[PDB]
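The chain below stands alone, shown as C-alpha cells; this is the form deposited in one PDB entry.
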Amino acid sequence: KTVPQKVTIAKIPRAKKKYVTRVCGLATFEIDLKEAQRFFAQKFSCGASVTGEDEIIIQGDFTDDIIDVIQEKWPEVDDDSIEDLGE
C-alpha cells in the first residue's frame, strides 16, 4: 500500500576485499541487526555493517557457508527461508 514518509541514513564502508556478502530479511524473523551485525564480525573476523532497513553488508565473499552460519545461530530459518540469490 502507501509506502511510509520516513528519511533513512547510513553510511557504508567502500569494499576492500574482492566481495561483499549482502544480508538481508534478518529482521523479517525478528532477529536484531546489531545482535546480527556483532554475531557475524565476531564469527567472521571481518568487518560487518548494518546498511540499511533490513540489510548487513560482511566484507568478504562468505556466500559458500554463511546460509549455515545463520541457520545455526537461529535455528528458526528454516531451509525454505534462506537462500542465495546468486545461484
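Numbering follows the first chain given and starts at 1. Here the rigid core means the biggest group of C-alpha atoms that line up within 1.5 Å when the two forms are laid on top of each other. First, how it differs from the form deposited in another entry.
For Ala10, the Cα coordinates differ by 2 angstroms or more between the two forms after the core has been superposed.
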Second form
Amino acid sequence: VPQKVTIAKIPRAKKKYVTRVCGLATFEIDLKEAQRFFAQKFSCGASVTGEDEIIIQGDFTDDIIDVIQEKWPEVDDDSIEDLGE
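Switching forms now, from the form deposited in one PDB entry to the form deposited in another entry, please provide the structure.
Below: the lone chain, stripped of partners and molecules.
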C-alpha cells in the first residue's frame, strides 16, 4: 500500500466580509486613532476609507457595537445602528 500525503483547500459557502464603521467623527472621535484602536483590538488591518468612515478587514459585526461603546461611552444605544448587508 503506497505512502503519500496530500494537502488541498476546499471552498466553503461562507463569505469573507469586511466591517465598515461610519459616524465616529460626528461624536468628535478622531478617525485616525479610531482606526488604530480597531486595528489593534481586532488584530486586523484597517484604513480610513471615506471622510467619516473606517473599514476593518474582517467580520466583527457581533462585537463591534459593544467594543465601540466600551471604548467611547458617548455612543449611546440609540445612535449606533447595525444595518446588515
